[PDB]
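Enquirer: The primary structure of each chain is shown beneath.
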Amino acid sequence: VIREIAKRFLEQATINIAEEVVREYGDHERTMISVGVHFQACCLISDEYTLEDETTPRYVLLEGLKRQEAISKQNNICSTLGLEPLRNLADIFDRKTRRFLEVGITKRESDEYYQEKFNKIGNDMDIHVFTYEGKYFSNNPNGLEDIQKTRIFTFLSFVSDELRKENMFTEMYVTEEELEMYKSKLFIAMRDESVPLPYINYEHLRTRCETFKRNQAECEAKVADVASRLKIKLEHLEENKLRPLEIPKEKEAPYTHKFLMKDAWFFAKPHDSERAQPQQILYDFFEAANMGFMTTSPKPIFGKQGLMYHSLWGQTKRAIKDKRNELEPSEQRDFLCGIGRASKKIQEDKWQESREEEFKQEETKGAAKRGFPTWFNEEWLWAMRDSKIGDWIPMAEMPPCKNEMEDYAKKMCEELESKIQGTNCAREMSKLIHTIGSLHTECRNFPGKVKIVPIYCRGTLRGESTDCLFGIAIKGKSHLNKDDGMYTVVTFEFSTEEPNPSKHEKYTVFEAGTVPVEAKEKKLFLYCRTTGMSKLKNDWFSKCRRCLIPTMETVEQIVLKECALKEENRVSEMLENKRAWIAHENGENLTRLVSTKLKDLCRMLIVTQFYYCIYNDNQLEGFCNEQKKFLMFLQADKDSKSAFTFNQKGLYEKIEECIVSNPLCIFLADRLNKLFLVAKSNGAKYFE
Amino acid sequence: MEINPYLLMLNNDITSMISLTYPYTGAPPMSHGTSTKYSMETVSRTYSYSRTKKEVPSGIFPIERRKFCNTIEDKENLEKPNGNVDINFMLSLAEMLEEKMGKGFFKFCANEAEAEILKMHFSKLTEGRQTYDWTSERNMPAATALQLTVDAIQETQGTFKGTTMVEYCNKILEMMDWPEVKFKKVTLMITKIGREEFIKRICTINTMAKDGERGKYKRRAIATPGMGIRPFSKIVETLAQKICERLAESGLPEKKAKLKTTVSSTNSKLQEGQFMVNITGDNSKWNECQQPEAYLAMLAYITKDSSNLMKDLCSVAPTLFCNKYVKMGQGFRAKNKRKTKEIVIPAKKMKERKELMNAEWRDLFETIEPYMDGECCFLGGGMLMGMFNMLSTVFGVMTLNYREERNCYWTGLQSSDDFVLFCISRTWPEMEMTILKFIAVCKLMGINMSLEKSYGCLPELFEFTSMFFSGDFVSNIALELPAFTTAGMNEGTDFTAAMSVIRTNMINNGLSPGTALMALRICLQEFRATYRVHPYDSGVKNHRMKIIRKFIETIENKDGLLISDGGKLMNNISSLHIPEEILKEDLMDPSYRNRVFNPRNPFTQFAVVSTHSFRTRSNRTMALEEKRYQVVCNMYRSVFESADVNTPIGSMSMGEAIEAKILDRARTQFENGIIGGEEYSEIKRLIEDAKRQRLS
Amino acid sequence: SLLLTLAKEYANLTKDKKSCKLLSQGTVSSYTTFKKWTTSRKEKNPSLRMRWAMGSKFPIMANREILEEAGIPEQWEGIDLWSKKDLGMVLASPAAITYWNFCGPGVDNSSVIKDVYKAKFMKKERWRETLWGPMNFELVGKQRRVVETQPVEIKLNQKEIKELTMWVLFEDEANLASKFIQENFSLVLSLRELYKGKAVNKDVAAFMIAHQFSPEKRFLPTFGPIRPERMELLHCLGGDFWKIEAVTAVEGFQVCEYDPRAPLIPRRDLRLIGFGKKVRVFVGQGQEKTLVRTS
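Residue numbers (the entry's author numbering), protein chains in the order written: chain A, 4 to 180, 184 to 393, 399 to 530, 542 to 710; chain B, 1 to 186, 208 to 274, 279 to 430, 435 to 635, 655 to 669, 678 to 752; chain C, 2 to 87, 92 to 254, 707 to 752.
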């Protein structure tokens with residue numbers, strides 16, 4: 004800011020006087036400050052010691068002044084003595100030296116400016132040139148011993164330090180000795199070339215822009231745009247065409263999760279404090295879970311490749327039997343985890359041309375489309391049912412509370428924390444954090460080496476801290492340069508339930524044996551699935567514990583909205599005596615809902631936040647945006663505000679475009695159509 | 001039994017049931033392969049939105065030019081987006097703009113913006129995002145690109161004595177007047214380049230894929246420019262920044282109370298039959314229908330009475346945009362039927378290897394070929410991301426202060446690509462008249478509203494910048510989860526910085542207290558999981574808890590331990606602004622306090657309390681310039697012990713005040729200090745020999 | 002060093018021609034870009050890289066001579082704490102950090118730490134001696150304001166603080182002694198008697214003076230009274246749907714010109730070789746003149 008810094012070092016009232024001079028000068032911006040400095044220069048010259056005997060002052064100030072009274076006061080001072088001009092109007096007249104008094108201040112060394120003034124006037128006036136650097140380089144008559152020179156170099160070093168504060172070097176330029187851009191050769195034909203089509207050069211365009219006035223022929227073009235439009239809004243009370251979505255009637259989408267949730271079987275042992283590294287837990291469960299009774303048939307039940315999984319499973323069985331987690335190179339690992347399976351990246355240096363031999367080109371297809379899954383509801387209801400093993404997630408402790416609202420937030424953390432630890436989702440998140448964490452650290456500490464990383468958990472059983480064992484993971488010699496890389500993981504899983512060729516499409520199910528179960543000795547199956555993770559996928563799945571934040575954010579917004587509308591401390595009964603309508607039944611849907619308590623509601627909220635943490639894709643993102651639009655339409659239905667849409671055709675094209683193969687997307691679309699059925703059971707904007 | 005999570009929305013508002021519908025917990029989508037087809041669709045789609053064929057041949061550049069203003073061919077599908085601007089129409093919107101508030105408006109704002117350019121140093125050009133250095137033609141931060149640019153200035157002709165914006169830009173225009181520029185390549210061979218290639222290189226804009234963008238199925242390409250176009254864009258952003266701050270219908274800097286004042290104010294001005302309908306709207310293809318020729322026209326009208334320097338100075342960056350080049354990525358790939366051998370064809374050989382492409386690539390390529398360079402492309406009407414954002418909002422206000430003359438009108442609020450429009454009228458066919466006139470003024474000016482992503486109601490039930498607003502209640506901005514733990518520097522700067530992040534999201538956002546307590550315990554959990562530190566009562570036995578569990582009987586008062594040193598949490602929600610050490614030094618043992626807080630430590634030697661500050665090892669996988685420049689840094693920092701706080705003023709010489717500084721403190725410490733002739737005469741000989749060695 | 006070898010390494014490291022093309026013939030402004038120049042581009046995942054660092058065996062780059070002066074190579078059961086690789094900087098484990106934290110020597114630094122961070126200790130003292138009460142559970146809402154949130158008693162405007170620290174620690178290259186500085190010059194005259202002899206680093210001294218006096222102005226949503234004692238506790242006092250508060254309570710010298718052959722006498726002998734002489738003064742960044750005392 005010019006004015007704010009200008010009120011720091013320069014005087015208060017002088018801003019209006021120097022600004023008044025610039026109002027009498029013209030369209031110039033920087034020189035204001037200079038004139039103010041010059042005026043305070045005069046304020047240091049002609050203030051206190053102006054020839055007090057013969058009180059008519061020695062310094063006749065007729066330069067910084069109104070441009071009316073310099074000639075009159077010039078004819079009032081010089082009418083007694085009488086002087087001669089020197090081809091220029093004088094700055095300060097003088098009668099003690101009977102001469103003029105020139106005031107000029109420069110930034111550079113004062114030689115060149117004094118020689119330019121020597122070309123202008125010579126030395127017939129009384130030249131006073133003062134430098135910010137500290138050079139009294141002026142005419143020979145001088146001030147005797149006064150403090151005007153001392154305070155004026157103090158003032159020019161002063162204001163010079165102000166120039167050195169805020170970088171003001173191309174700002175103290177006298178107009179005679184900044185407001186001109188460097189007019190080049192090639193830009194001036196560039197600026198004239200990119201002018202609009204009815205214009206010749208930038209000059210004619212600028213003169214027309216400076217001399218433009220608006221007209222009332224604007225509305226002729228506006229209504230002339232209204233005529234060739236052919237557009238109508240579409241209301242909702244009469245043409246409520248909010249139709250159900252087009253679910254693809256195709257092959258059912260398979261079980262696509264990286265791990266197994268509901269079809270898992272595990273083995274427990276008491277956990278040791280010393281035996282803690284994953285190879286140590288792999289060996290302790292090699293003696294604990296009996297692999298001597300792990301006999302696999304060479305013929306799979308279904309699938310494609312059975313022999314490589316058989317020799318691979320026996321090979322890793324004798325590998326962990328020798329208590330060393332590194333597979334020797336054979337054709338099984340040379341075939342399964344991609345070893346030598348990559349494209350020969352040939353740069354453009356030689357092409358070794360041929361008459362139509364290895365005719366190369368490019369081809370893209372897109373994504374394959376599937377149908378509605380029906381196995382997902384059973385895993386949803388399984389996912390919110392309690393399993399007797401206690402805590403799964405390693406959460407930290409509670410800080411000590413004051414007499415503040417820390418009793419409230421402590422109460423919410425203790426109740427919500429006490430409800431979320433028992434669910435099977437907590438077991439799955441512990442599975443992902445422990446297994447994906449150990450595979451992540453093995454992806455750092457040993458590239459190029461195929462390791463054997465177990466799939467396990469850790470939970471409290473009858474108060475005693477125990478651990479589990481679910482599967483076997485095999486790393487695929489990850490060389491992760493960038494965020495991608497797609498290293499291959501081979502998963503051997505343990506199951507206690509019969510397979511399914513419709514759900515378990517990506518599996519190569521064998522039979523393992525029998526499992527004793529207390530309540542007789544049921545069967546035992548071994549599953550096989552090769553897959554591929556990513557480094558950024560390890561970073562985002564390894565940190566899947568932070569799903570409590572939108573869940574507890576949602577519940578706490580419900581409670582704080584409720585008691586914010588009730589204006590009374592009603593929390594502990596509001597957490598118990600409040601219903602939530604969820605889970606309509608299968609046979610009927612018309613106003614047939616299940617009111618549950620709030621703790622089961624936060625169970626289902628951590629379920630859907632967890633399924634959002636699993637299935638995060640592009641189709642999920644666009645589907646979530648468009649379902650925000652449909653929630654805005656449904657909220658517009660909840661108060662009958664008569665909403666409207668301009669085009670209901672391409673909207674479903676955008677929604678159905680981004681619904682291809684994601685089963686969570688297809689499921690929430692199906693439940694969204696059923697939500698439109700329940701909203702159609704009361705409100706009138708929808709279909710059947 | 002079936003189940004549907006959304007059924008909670010049958011009896012509640014949308015202000016709380018909308019964070020359920022944000023999947024902000026998993027991995028963002030990322031790009032793969034090349035970003036070539038995205039730029040081909042962007043440029044070919046932009047020329048496909050031109051609605052014209054009238055071409056002007058260029059005598060400067062060896063490629064053709066297609067005009068975009070006042071060249072319309074009115075197709076029947078006017079609902080398709082157009083790329084044409086009527087200049088007298090928008091100048092009439094400028095006169096209609098300034099006639100609403102004040103008379104000396106552009107003169108006063110041009111005096112403020114003119115008043116705050118000349119006092120700007122050019123080091124502000126280094127305080128930016130990632131830029132495109134043209135020396136090795138890669139993407140580098142702005143300090144490196146300005147370093148190589150100034151190095152090219154002092155390398156080709158003369159030195160640099162500017163230290164301003166204006167003499168540096170005049171130096172760039174001097175470089176445009178230079179016929180031959182010498183810079184360094186590879208081990209630093211100085212090569213030369215002509216006049217036309219410097220023109221073709223300084224107007225080159227790099228295109229990559231926008232990574233980590235939540236909310237789109239198809240990826241969108243983002244573009245980063247070089248260096249010699251940035252400062253003029255900074256000037257334009259200062260001008261339009263002061264314009265948008267002076268206005269009252271913009272939200273680029279509070280975004281909440283302005284809607285309260287326009288709803289409460291414009292509901293106080295209705296008739297006995299008039300009413301209000303608001304429409305949530307989202308402009309689609311916003312970055313492909315803002316031609317910089319209109320920026321040249323309006324910036325010639327804003328500066329009609331400003332200055333002579335400013336009048337010529339705000340007329341270069343749209344001219345640089347009207348002839349901008351577009352990078353083509355890095356090519357594509359081609360493979361045989363067996364899918365084993367796959368050659369990589371770059372953007373250079375794409376012209377000769379045209380016949381190895383798919384149908385969509387050839388449809389985007391045969392419609393882009395006569396505007397291609399040999400390695401780049403030509404564009405004169407686009408405005409991609411990383412460009413003028415504070416200036417199209419002014420076009421939003423100019424569309425939102427129109428007068429047509435009943436007594437039916439509108440107002441509203443604009444954002445970068447979101448707009449909330451408030452219509453006041455009498456009947457529904459007259460609502461069709463006013464809305465279709467708003468589509469008329471936006472379509473004639475060049476703002477293409479999407480018809481699928483817009484709706485409206487009678488009261489306040491609208492969307493603005495992903496904030497769904499109810500009739501009474503207000504939802505909050507959906508917060509980023511991974512912004513919580515990205516400090517990663519120290520055992521002390523990861524938890525207290527997390528308390529700063531949770532504190533700032535508590536103040537700025539809503540962020541209910543128990544949710545912040547839960548996120549606090551989660552970040553505490555990931556902190557104890559990162560550095561492998563456990564509480565003493567926990568039975569975790571690794572290589573660091575053995576020492577702590579062994580020496581725990583040495584500590585008398587057990588809560589005097591640190592969380593990074595084996596203690597439990599004592600910070601709380603009322604203690605987020607206070608670090609753990611300041612809370613805990615009043616309960617420490619004096620052997621523990623004197624033992625940990627020794628500055629004689631082999632880890633710290635070689655904005656919180658530093659007692660655990662260590663440096664990890666660097667990687668094992678331009679290296680002389682960092683050596684020489686950091687010799688200048690440690691040397692000049694070693695001479696002047698208090699110099700990183702204050703700005704290093706004084707540009708007459710550096711080493712002269714260094715030599716007089718070593719003489720100054722050598723004589724100062726000498727004369728009633730040292731007193732011995734061989735040291736003073738020896739250092740005198742070193743200063744004289746260094747001065748005679750340097751000055752010659 | 003003790004300022005005896007800095008001219009030696011200055012003489013030896015200015016044998017380059019491009020150093021003379023850069024120094025005193027190039028760009029002094031580029032030093033402001035020399036401070037921020039390094040090739041650390043973004044570090045898009047720093048905690049991921051720290052998690053990779055803590056998973057290795059010896060990630061820490063630590064000094065050698067102190068830990069070989071005091072520490073022990075291996076612990077009581079095979080815990081390795083050392084390396085023999087290289092300059093002279095030895096890799097180490099955080100078990101050596103906590104072994105310093107349990108079996109290291111002690112240095113009395115109570116008054117130093119209890120005099121540097123006095124603002125945050127005053128935050129702890131004002132937080133320790135407050136009192137709360139019941140809540141409200143009512144609707145609340147108010148616009149955003151610009152509030153300075155610290156109970157300082159000087160209230161500078163973020164410009165006299167850098168200039169104050171420069172005009173207390175090293176007054177040579179400091180800044181102007183301005184017209185907004187005469188009362189601040191009385192403040193330096195009160196504060197030259199405090200910051201003269203300390204064992205404190207100058208960056209830490211600029212940190213503590215730069216924070217003990219600065220009212221930090223921010224753009225924050227406020228409500229109720231806007232007293233600055235309860236404004237740094239704004240995150241605790243209220244949210245959106247709830248509200249809780251129950252708080253009831707000497708060189709006055711001069712220079713003249715540049716010409717005469719002045720005696721080579723600096724500011725340390727500026728008083729005893731002061732009046733009645735034309736004694737030169739070297740001002741800081743390069744502006745050196747000749748001095749005449751003005752009454």
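These aren't lab readings, by the way, just hints derived from the structure by calculation.
Every residue gets a Cβ at the ideal spot worked out from N, C-alpha and C, and that includes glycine.
Careful, some of the hints might be misleading.
Straight-line C-alpha distance at most 25 Å; calculated DSS-like pairs for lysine-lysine [to be verified]:
#1 C:164 with B:124
#2 B:366 with A:351
#3 B:587 with C:184
#4 B:362 with A:351
#5 B:37 with B:374
#6 C:16 with B:683
#7 A:110 with C:746
#8 B:283 with C:207
#9 A:219 with A:327
#10 A:219 with B:466
#11 C:222 with C:164
#12 A:676 with B:310
#13 A:542 with A:517
#14 C:207 with B:185
#15 A:168 with C:207
#16 B:717 with C:18
#17 A:399 with A:621
#18 A:189 with B:683
#19 C:184 with A:168
#20 C:58 with B:575
#21 B:263 with A:10
#22 B:362 with B:374
#23 B:747 with C:9
#24 A:413 with B:597
#25 A:10 with C:164
#26 A:168 with B:124
#27 C:9 with A:168
Reference listing, derived: stretches of chain A covered by chain C, where coverage requires no fewer than 3 residues with Cβ under 8 Å from a Cβ of chain C [as the list claims (entries may be wrong)]:
#28 150–160
#29 587–599
So these bits of chain A aren't anywhere near chain B, every CB distance computed over 10 Å [to be verified]:
#30 141
#31 173
#32 238
#33 710
Enquirer: Now look at each hint and say whether the structure bears it out.
Expert: Okay, the hints, checked on the actual structure:
no., hint, result
1, C:164 with B:124, "holds (19 Å)"
2, B:366 with A:351, "holds (7 Å)"
3, B:587 with C:184, "violated (55 Å)"
4, B:362 with A:351, "holds (16 Å)"
5, B:37 with B:374, "holds (16 Å)"
6, C:16 with B:683, "holds (15 Å)"
7, A:110 with C:746, "holds (16 Å)"
8, B:283 with C:207, "violated (47 Å)"
9, A:219 with A:327, "violated (92 Å)"
10, A:219 with B:466, "holds (22 Å)"
11, C:222 with C:164, "holds (13 Å)"
12, A:676 with B:310, "holds (15 Å)"
13, A:542 with A:517, "violated (30 Å)"
14, C:207 with B:185, "violated (42 Å)"
15, A:168 with C:207, "holds (22 Å)"
16, B:717 with C:18, "holds (22 Å)"
17, A:399 with A:621, "holds (20 Å)"
18, A:189 with B:683, "violated (40 Å)"
19, C:184 with A:168, "holds (14 Å)"
20, C:58 with B:575, "holds (16 Å)"
21, B:263 with A:10, "holds (22 Å)"
22, B:362 with B:374, "holds (22 Å)"
23, B:747 with C:9, "holds (12 Å)"
24, A:413 with B:597, "holds (17 Å)"
25, A:10 with C:164, "holds (15 Å)"
26, A:168 with B:124, "holds (16 Å)"
27, C:9 with A:168, "violated (33 Å)"
28, 150–160, "holds (count 6)"
29, 587–599, "holds (count 4)"
30, 141, "holds (23 Å)"
31, 173, "violated (5 Å)"
32, 238, "violated (7 Å)"
33, 710, "holds (17 Å)"
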